[PDB]
Amino acid sequence: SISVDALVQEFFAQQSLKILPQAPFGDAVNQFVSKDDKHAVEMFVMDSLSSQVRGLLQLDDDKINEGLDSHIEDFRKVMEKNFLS
Amino acid sequence: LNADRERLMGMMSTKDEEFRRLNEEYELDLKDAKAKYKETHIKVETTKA
Amino acid sequence: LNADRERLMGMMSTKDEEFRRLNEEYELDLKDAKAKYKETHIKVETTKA
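Residue numbers (the deposited numbering), protein chains in the order written: chain B, 438 to 522; chain C, 1073 to 1121; chain D, 1073 to 1121.
In case anyone wonders, no lab produced these hints; they're calculated from the structure. Don't take every hint at face value.
Straight line, CA to CA, 20 Å or less: simulated EDC-like cross-link-like pairs of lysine to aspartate or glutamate [to be verified]:
| id | chain 1 | residue 1 | chain 2 | residue 2 |
| --- | --- | --- | --- | --- |
| 1 | C | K1087 | D | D1088 |
| 2 | D | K1087 | C | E1078 |
| 3 | C | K1108 | B | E447 |
| 4 | D | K1087 | D | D1076 |
| 5 | C | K1087 | C | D1076 |
| 6 | C | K1115 | B | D499 |
| 7 | B | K500 | C | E1117 |
| 8 | D | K1087 | C | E1117 |
| 9 | B | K455 | B | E503 |
| 10 | B | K514 | B | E447 |
| 11 | B | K455 | B | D506 |
| 12 | C | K1110 | B | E447 |
If we take Cβ atoms under 7 Å as the criterion, some of the chain C residues that face chain B in the derived model are [said to hold, decoys possible]:
| id | residue |
| --- | --- |
| 13 | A1075 |
| 14 | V1116 |
| 15 | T1118 |
We put the beta carbon where it would ideally sit given N, CA and C, even for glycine.
Working from the sequences, and respecting the hints, build out all of it.
Next up, the structure:
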């Protein structure tokens, strides 16, 4: 009595991905089965990496040399708060 | 003392030629080099994540 | 001709100054320049073949 798409959507909540945003990821994988886009999620992943590299290049040298482990999930929350639009 | 003075005359005279030629290869290598390491590295951690 | 001799000797001294650094570089340069291509290239053809 539970949809497999609903099952994956709810199970994407327990863990938070290192750079990928969890909610648009579920959206894309659900779209794979919904509109039968056999080749969907690779556009999502390439767009995500292209946006992430562009965003990180906008920061200063001191910030990137000091660290990079935090900025990635900072831009990840940026991505989810963009996804609501 | 005069001899010592023209010692430094010649020292700077040739060190200036060395300095300008080394500046020429520096300009070439700086045009070739830039700071491309960070561009290489950033995609690396992006891909691994 | 005095200033001429000290110009010659200053040229000698600065020349000795210049040659040593290039020799020091060329040691390491010659150590690693010749071998690597020899193995790299042939394995490239071998593997792609």
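Verification of the hints:
1. C:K1087 x D:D1088: Holds, because 12 Å separates the two Cα atoms, which is no more than 20 Å.
2. D:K1087 x C:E1078: holds (16 Å)
3. C:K1108 x B:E447: violated (42 Å)
4. D:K1087 x D:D1076: holds (16 Å)
5. C:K1087 x C:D1076: holds (16 Å)
6. C:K1115 x B:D499: holds (18 Å)
7. B:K500 x C:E1117: The hint holds at about 15 Å.
8. D:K1087 x C:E1117: violated (48 Å)
9. B:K455 x B:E503: With a Cα-Cα distance of about 19 Å, the restraint between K455 of chain B and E503 of chain B holds, given a limit of 20 Å.
10. B:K514 x B:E447: This hinted pair holds, its Cα atoms lying about 19 Å apart.
11. B:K455 x B:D506: Given that 20 Å is the threshold and the Cα spacing comes to 9 Å, the pair holds.
12. C:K1110 x B:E447: violated (38 Å)
13. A1075: Result: violated, 51 Å to nearest chain B Cβ.
14. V1116: Since the shortest Cβ distance to chain B is 11 Å, the answer is violated.
15. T1118: holds (5 Å)
In summary, the structure is inconsistent with hints 3, 8, 12, 13 and 14 from the numbered list given earlier, while agreeing with the others.
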